[PDB]
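A single chain, nothing else alongside it, follows as structure tokens in the form solved without this ligand.
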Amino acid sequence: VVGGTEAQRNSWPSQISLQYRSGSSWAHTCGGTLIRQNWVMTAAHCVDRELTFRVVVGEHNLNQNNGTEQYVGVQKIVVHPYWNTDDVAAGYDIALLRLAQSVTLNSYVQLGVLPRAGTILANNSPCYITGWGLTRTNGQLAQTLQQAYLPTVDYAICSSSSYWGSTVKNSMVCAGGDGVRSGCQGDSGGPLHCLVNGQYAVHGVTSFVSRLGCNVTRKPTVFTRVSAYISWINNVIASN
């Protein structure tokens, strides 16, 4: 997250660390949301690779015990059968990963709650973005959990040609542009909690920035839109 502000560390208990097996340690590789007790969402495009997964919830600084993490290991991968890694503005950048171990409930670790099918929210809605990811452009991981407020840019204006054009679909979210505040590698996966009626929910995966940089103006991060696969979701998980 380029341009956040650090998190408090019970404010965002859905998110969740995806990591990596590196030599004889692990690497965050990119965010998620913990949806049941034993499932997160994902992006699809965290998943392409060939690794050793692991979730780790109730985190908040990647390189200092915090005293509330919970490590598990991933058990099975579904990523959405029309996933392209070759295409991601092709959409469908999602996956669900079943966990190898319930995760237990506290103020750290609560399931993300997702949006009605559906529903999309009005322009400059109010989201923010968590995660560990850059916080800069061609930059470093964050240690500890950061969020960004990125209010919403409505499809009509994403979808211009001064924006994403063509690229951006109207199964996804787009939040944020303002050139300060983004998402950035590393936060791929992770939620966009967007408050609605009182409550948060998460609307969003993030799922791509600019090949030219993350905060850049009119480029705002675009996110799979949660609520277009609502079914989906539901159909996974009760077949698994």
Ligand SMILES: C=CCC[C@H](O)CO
Contents of the next structure:
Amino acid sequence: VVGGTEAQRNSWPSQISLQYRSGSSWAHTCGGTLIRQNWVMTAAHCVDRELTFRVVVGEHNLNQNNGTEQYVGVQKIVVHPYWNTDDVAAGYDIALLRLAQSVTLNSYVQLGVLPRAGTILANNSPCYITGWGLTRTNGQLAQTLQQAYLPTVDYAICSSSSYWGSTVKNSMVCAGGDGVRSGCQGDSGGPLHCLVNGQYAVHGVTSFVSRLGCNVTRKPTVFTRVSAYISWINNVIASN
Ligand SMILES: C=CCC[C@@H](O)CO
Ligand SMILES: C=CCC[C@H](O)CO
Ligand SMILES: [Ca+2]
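Can you swap the form solved without this ligand for the form solved in complex with this ligand?
Once more the chain from above appears, this time first in line as the rest of the complex follows.
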């Protein structure tokens, strides 16, 4: 997250860190959202490669022991059937991971709330992006969980020539674009928490940003719209 501030360690309990084994050590690669004690929602492009993955819940500081972490392996990866690695702009950047074990819920580990199917947020709705991703374009990962205010930018506008144009679809949500705050490499798969009816629900899964840079004016961060996949999500967790 570029232009963010450290989050209180118990503000976003559904946030998880997706990591892969590099030889003998583990490295953070993406974010994700705990939606079931044994299910995690993330971006399909985060699990495109065939590597060994593990999920960490109740995490705050990646390099320090917080005394609240839970490490669990991933036994099943269900990528959306229409996902195409070479065409992220086509959408469908979403995947579901069945964890090898059910995590224990507590003050630092909670389930994220999903929106009602087909829900569209009004332009400029209040949302927050969270993650341990790059704090600067071509920079380095954040040690502590970062958060940033990132209001939505509706489709009509986001798909206009002055913004993303035809690269953005109605199955995506755009947020930010003030040239100061944004998601960045390492935040992918993470949540876009939006305040609706006095409650924060996960309306997006971080998908991509501009090739020019992370924080670019008129180039908001693009997210997979969760409300457009509610049926698919339930169908998967119902038969797996
Ligand atoms: C926050 C998303 C970064 C994803 C990049 O790979 C796209 O340029
Ligand atoms: C296992 C801890 C996460 C490591 C990070 O990717 C950077 O050191
Ligand atoms: Ca830690």
